[PDB]
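Here is how the chains run, residue by residue.
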Amino acid sequence: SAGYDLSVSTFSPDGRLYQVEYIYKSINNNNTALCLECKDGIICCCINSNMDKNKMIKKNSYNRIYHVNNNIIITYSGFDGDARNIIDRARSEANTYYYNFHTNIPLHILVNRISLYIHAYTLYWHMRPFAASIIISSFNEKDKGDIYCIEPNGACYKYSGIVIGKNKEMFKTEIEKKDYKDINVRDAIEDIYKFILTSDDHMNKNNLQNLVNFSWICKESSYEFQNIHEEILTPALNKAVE
Amino acid sequence: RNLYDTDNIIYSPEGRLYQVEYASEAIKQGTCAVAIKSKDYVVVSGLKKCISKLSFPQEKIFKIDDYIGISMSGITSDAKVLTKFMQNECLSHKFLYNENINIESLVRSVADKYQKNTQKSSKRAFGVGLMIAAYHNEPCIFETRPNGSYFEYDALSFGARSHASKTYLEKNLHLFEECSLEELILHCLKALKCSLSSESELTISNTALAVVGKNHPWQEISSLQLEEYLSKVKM
Amino acid sequence: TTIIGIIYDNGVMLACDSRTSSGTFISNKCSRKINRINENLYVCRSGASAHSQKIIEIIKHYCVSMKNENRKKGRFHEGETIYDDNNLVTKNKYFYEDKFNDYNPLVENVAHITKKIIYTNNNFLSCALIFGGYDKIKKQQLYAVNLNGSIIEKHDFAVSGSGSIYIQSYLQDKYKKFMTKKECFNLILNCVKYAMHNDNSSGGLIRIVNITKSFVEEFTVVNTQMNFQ
Amino acid sequence: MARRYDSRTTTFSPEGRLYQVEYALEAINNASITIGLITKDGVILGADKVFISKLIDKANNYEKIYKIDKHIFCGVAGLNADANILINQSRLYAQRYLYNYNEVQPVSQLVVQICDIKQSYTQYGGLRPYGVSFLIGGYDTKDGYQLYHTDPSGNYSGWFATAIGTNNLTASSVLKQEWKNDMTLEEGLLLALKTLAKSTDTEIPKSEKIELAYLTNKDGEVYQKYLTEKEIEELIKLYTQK
Amino acid sequence: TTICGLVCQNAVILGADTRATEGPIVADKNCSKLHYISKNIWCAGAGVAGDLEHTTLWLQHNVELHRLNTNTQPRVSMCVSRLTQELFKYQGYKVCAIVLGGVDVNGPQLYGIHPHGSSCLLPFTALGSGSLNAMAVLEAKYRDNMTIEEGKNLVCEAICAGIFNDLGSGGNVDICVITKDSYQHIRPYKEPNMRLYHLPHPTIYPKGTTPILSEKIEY
Amino acid sequence: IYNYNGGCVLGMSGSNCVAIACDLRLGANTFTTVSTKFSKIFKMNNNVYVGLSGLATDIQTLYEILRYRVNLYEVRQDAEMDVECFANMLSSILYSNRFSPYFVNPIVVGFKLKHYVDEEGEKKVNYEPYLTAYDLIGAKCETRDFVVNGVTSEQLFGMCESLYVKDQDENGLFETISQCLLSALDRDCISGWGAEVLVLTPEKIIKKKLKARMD
Amino acid sequence: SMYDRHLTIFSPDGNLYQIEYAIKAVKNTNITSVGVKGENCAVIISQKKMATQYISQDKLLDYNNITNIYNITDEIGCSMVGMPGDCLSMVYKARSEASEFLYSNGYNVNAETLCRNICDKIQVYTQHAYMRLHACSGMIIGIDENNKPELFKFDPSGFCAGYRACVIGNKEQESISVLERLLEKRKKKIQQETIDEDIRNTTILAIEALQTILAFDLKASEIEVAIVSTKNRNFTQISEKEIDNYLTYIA
Amino acid sequence: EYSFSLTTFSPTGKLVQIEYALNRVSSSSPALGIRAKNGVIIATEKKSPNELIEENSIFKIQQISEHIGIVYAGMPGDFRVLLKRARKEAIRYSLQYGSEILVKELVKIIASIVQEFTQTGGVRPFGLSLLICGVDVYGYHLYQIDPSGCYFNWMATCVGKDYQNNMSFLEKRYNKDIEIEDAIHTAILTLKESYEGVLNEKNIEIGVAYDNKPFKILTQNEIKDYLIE
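Protein chains in written order, with the deposited numbering: chain U, 5 to 246; chain T, 3 to 237; chain V, 1 to 84, 107 to 251; chain Q, 1 to 242; chain W, 1 to 219; chain X, 4 to 218; chain O, 7 to 257; chain P, 5 to 233.
Isolated chain U, as found in the complex:
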């Protein structure tokens, strides 16, 4: 830390590479993002907690749920600009694959190419490393869904459900209570609200039709990306407890 934490291209005497763990505390002070697999389709979640005091944003304008190829959900938790740079690069790779192969890019190599693009910035004097943790998901019928989480400095890791953001420790401990791989996707929306109401540090409280927004890729969406229509959110807002 004694001058070894200035540039991303220097190793500290204890081997740990600074300027990257500082990013990790940048994303961990950002709005949380959630993504877990069910027996019908992946359901994601983004709780825009930092946008509660503003009271001026359009109701459901802000959205961190992006899709590529109409069958791959990409959500992030970090700098909303740096991540948006990657999505356009994720879309570029998907386009580049189709121009060559007549086929949507398989997810397991989309996360590989994105992991290299994100990591390529952690190798230079000048370049500023990205400050975004990327969650990528896709569901198929012959093979069930799968979730990858591309942290800063590469490290694409396959999950069965992940939370990244400020309270990711208090969300994981509540998600692992139930094996959601056997839980339906319609009734999993109710469950994640109970976590948002409780595990969120009073940022969201009973007025969250706008702060939190999310989407699935499930059978009722024909295994294609789809934001949940508002007529399904409110039945899932039967959160009246105590």
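Since the hints were derived computationally from the structure, they do not count as laboratory data. No residue lacks a Cβ here, since even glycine has one placed at the ideal position from N, Cα and C. One or more of the hints may lead you astray.
Stated by the list, open to error - Distance condition first, Cα-Cα at most 27 Å in a straight line; then the derived DSSO-like pairs of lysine-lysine: (1) X/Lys207 x W/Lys89; (2) X/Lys46 x Q/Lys142; (3) Q/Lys225 x X/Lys127; (4) W/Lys180 x O/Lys237; (5) V/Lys67 x O/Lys237; (6) U/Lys185 x O/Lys237; (7) X/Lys169 x X/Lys210.
Said to hold, decoys possible - Which bits of chain P does chain Q cover? Going by a derived footprint, with three or more residues having C-beta under 8 Å, they are: (8) 141 to 155; (9) 158 to 169.
Claimed, not checked - Covered by chain Q, per the in silico footprint, the following chain P stretches (three or more residues, Cβ under 8 Å): (10) 16 to 26; (11) 102 to 116; (12) 173 to 186.
Please build the complex by placing chains T, V, Q, W, X, O and P on the supplied structure of chain U, with the hints as guidance.
Then chains T, V, Q, W, X, O and P, alone, in the frame of chain U:
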């Protein structure tokens, strides 16, 4: 602090990019600018700055396309680069195709122009925040921060005494149903006056104001037309 | 030259003559035209010999690059064990057979390899190719890459080369929707032999390659034609 | 951004000088000494071989007096490593002039070419200067025998006798006190030994040491260099008269 | 320009003529058209001698550099991919039909390159203007697994068929045997004799005219 | 090679000496002469003589390059450059312009300079002739005896074949190459306005300009 | 200046501390990967565990995905251990070389040439100060053209020695002793009639070494082996059903 | 702004970064070169390693060309990039001139490359010293290239750790007319005395020129006969 400030690359031990947090407060020194979104109109007003009582008031409101206008607040030189970029973008789209540029897509096209000046170390973040107010098929207001970020609002304020003007807007929910622009333009002008310092210059015919709406292309409010609006503000 | 591809019930069969003629002179007999790209798909190459060979070299490089790229990380199919002649009637029928690396996780689709060509020879390059191989999703399939990079999936059969026109209607008649391996071999053998009897681009021996779900078998046949009329 | 890591090698000092050139001059003030001498017969260059070991070949080579062209040659004093960069460069210059104008390059024109490149590094580029300066003696049909002394700064000067290197003052003093305007070749050679012996405060040279060369144009620019054997006679002659 | 080569039981044999022509006339009767690529592979070529001679030099030294960075003996297929990519880039301008044969971890393999970049593995071949004449006698007499001695004199007949029947090829024949251990390159091998030999008649010393004689002695 | 600026270059090898010869014409068009001093034989080195024949623009332009690189090689070497190293350089220089050729047909003539002991008290040894001939794209047509290029290449081949004998001394070799050149230039109407035979030995170099027919 | 932060600048003792620090970065993951070389057979092991990094460790990750073993071509495989991003970047560079070598030379790259080419780039990092070393040390196995096994290890410092029983991880200081000792038992056994006994002489030898280098129990779901022996020459990951079969040869 | 020299003149007029590179060269295994009447010997000691390593897989004495060997003493990573770049020059030279490159021009070319990294920006000087030996038409040669880039002509030299007394040992045991067989005897002895814990077998290396024979590296069978004395 002293070490984690020199370049726009180093992250503070709390993960904060100081050199874009510092440029994010250059907008906090520009004069106030207020945008109000009606059901089918958008009203943008900004306070021009006079450096001396001989100088002409500085221009605050800029026209981008037929139905797109902005109101910068920050470093004037940096904004002039962005207006030229936006103007050359709406025109090219109206040339390559025959449509009007998608305002949502145009904001993203300028929101990542902020970004490319943040990854590198030979560049600096733009010191200017914009107020992209437009009517594509529905009224909409955008705002771009010096760090790559943009949001769709229902009302804004920029910098100087924006907290004072926001209080007026935060407590006014009428603006959605505020048809009869007369009733809406007063709401914005009252908001701009709120930020304006008392025991100082009052809102005069040297404060910018423009509208855009359903069949109302981006137009300035002429001083003869504007003059009576200021009169109802005094009420 | 001539080049055939027939899709039978449980595989695809590729045949070709073996002769590179250079203006009414054969530069060499027994020139390979059924080129292996990957263990599960092969390529029939025609047109200008220089162009086709140098395209195949590029594609093999792409094929290798994309085969190991779409390799999933861990271990798969832990407990699964999904598995399953012509006896020299045609004289001097050489033969050997090799087996795949099954389940098809690593090896890539034929459609993937196919538009490499368009992306590569959408140029001023004269070569017409026929792609045939097995695939995990679309079982057996046969792509015909035309002169300027025009692929269309041929669900029944594909022909190319100079001698194709001489058996265009012979093959359209003898074809059946689901032919067995023996019928397909005889059909594809007689198609080439007839395309050779009446074309001065007739090969020497003819090389027939069969792609199935779990193996590829390759034959070379040394025979001529003698009509009785 | 390596701004903190830069040395600004091309930046003026508070007193209007350049520190990198200031130090480069110091580097060439600790190198072996080189002597230049113009006689009526020809121009004499003689430098001192810094001792390394008796295992040095010292038969067919020495690293102080190189050949730049058939009519130009130099005696280097400074960093031997980057001299070969400038020697090869000046060899290219003297051979490209002959390529364009179909005649050998005048000495005064090669020097300005090799001094422009030497100066260019201390003008722009952020690179270190060439810590090397060498006398460039040569014969040109226009202005006869010439002798030019270069500098890491890039500014040269014509001379009749110069003694750059370590202990140059004690060798310029003897040159200034004994350089007659009109000298014969053998007379100049003896003077070169006298100034080389006195510069390194030795009464007699050793011939496993300082080496000598000259031009003495004989309408064909003979350009001879001494093997050690011929210098004993020069050493013998010095002993007889001194 | 009559070059040929065939595959034998455990070695490759390359044969070539010795004659370079401006087209109406012959330049020299002894031109080494065989070329050393590496110790275990040799190449022979036809076409324009300009592109032909440089390409082999370019190929030999690239192979040698490859054989240094890598620590194994060069592969025959490595040069075929190297040449054909080089020949493919220059669409057809670097006109040089080349046969290169050698041995590697695989069997003794022989490749016939073509000016447009095409290549093919053959058991026996022949290029040049006398290729057709040389290829005929090759086919009439070639067998599989010929002994080195028996296959060596077959090339002698293969070349001599092009020596005699073709105008553009003639002179001595030279052979190279590219066995695994090393090579054997025999520079003269044929071209019989006993014609009317020219009587040497040197003009006497007091001939010529010499208006000027600027004698000088150098040292 | 062009009829424009018609000129030929001839080289021959003796017992222990080599002779290089050329014609001195410089013809502007095909049938129009402008100079008879245009020597096409250049001294690359003490025992490396190159003879350039063809278009005089490319004769001079190539000669500048050859002289610019031989000097660069020798000066960087502190060693005399030998023929077979120089000869291969000329082959690659011509090839580097494969598609914008130097329209010349060079001849390289000069001794080979073996370097065995020659005795218990000697250092260097006897010399070897080393004749060689090229074309515009640089094909090293090395030959143990006479080599020719130019517009009279075909005229010179016939005469040299019928007059050259195996080994000859300096006096004998000069006469044969002179007769092989004078009577070959007299059959060309675009070259041969005066010859320049240059026979050189390990010790001396002889320059003679023959009284050639000027027609 | 005092900036030994540069990737290249020699410290006054002649050392590049960044190389030492990058090597320390590989040890920090405390992931041990072991590969041994036998007769016409080579095997390689990793640990299938999360690299010791900032992110939270294994809770919902499907452990099948977490592997330290990749393959470069159909016949060349590697085990990169280091920072997960660098290891992923190293294989893609490695894959390109073996692919480019094939296209440019018409035959598959040697297992020794691929790592030498890799080291020729890791040197470029070591010498250019504008970038940073990949904190990745990898082990590469394969079969040469003589049907002989090959094992090579490279380091964040460009160094491509190539062993016959190699270990990478945080215990290489003492793992060099056991591996040397445990490999002598197969030398003391001079039966010399092992006909394709890679299954019961080499793979079991490597698993024994891992059980001894680090003193856990090696559950079959937390290790993985890969073998490029002759008669396969394909670098196939050995399935879990027979990995615990060797783990049942504790007897 | 990213290309500025990191090697700058110290106030006392010394390229201090080079002095650091020479410190590390003076701490590596001693390489050694000796030239004789009819050949050149380059020898280095490769410290007795663990039995895990394959000794032949690392060789500090590599070969540049047919008659030009090499050995280094420094960082092994830089030797490979320099050796590989040195072979290109030896091939590029031969692609112009027929003959094999000779040592004097090869050393000058390589030294110009070592000097470049000393001056150019953003890079560090090479941390090694080379001993290029070869056989030419101008006899035998033995050169040494410093990290600074300057090269020296030697008759016998050392570059490794404790080369001060190591080279002093050679001075009293070397003469110009030394037999090549005796040269190897002296080369072994000087390495033997410097190597603490003398076990000079399996941990030594020799490369010989042998009077215009191709450069050959003596395998250990041909070395044990040189360790008797």
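Here is what the structure says about each hint:
1. X/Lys207 x W/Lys89: Given that 27 Å is the threshold and the Cα spacing comes to 50 Å, the pair is violated.
2. X/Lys46 x Q/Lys142: Within the cut-off at roughly 25 Å; holds.
3. Q/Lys225 x X/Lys127: With Cα atoms ~21 Å apart, Q/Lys225 and X/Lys127 stay inside 27 Å; holds.
4. W/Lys180 x O/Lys237: holds, 26 Å
5. V/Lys67 x O/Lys237: With Cα atoms ~21 Å apart, V/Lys67 and O/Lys237 stay inside 27 Å; holds.
6. U/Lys185 x O/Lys237: Distance ~41 Å between U/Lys185 and O/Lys237 Cα, so the pair is violated.
7. X/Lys169 x X/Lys210: holds, 23 Å
8. 141 to 155: With 4 residues in contact (Cβ-Cβ under 8 Å with chain Q), the coverage given for the segment 141 to 155 of chain P holds.
9. 158 to 169: With 4 residues close enough to chain Q, the hint holds.
10. 16 to 26: holds (count 4)
11. 102 to 116: holds (count 3)
12. 173 to 186: holds (count 3)
Consistency note: the structure conflicts with the earlier hints numbered 1, 6.
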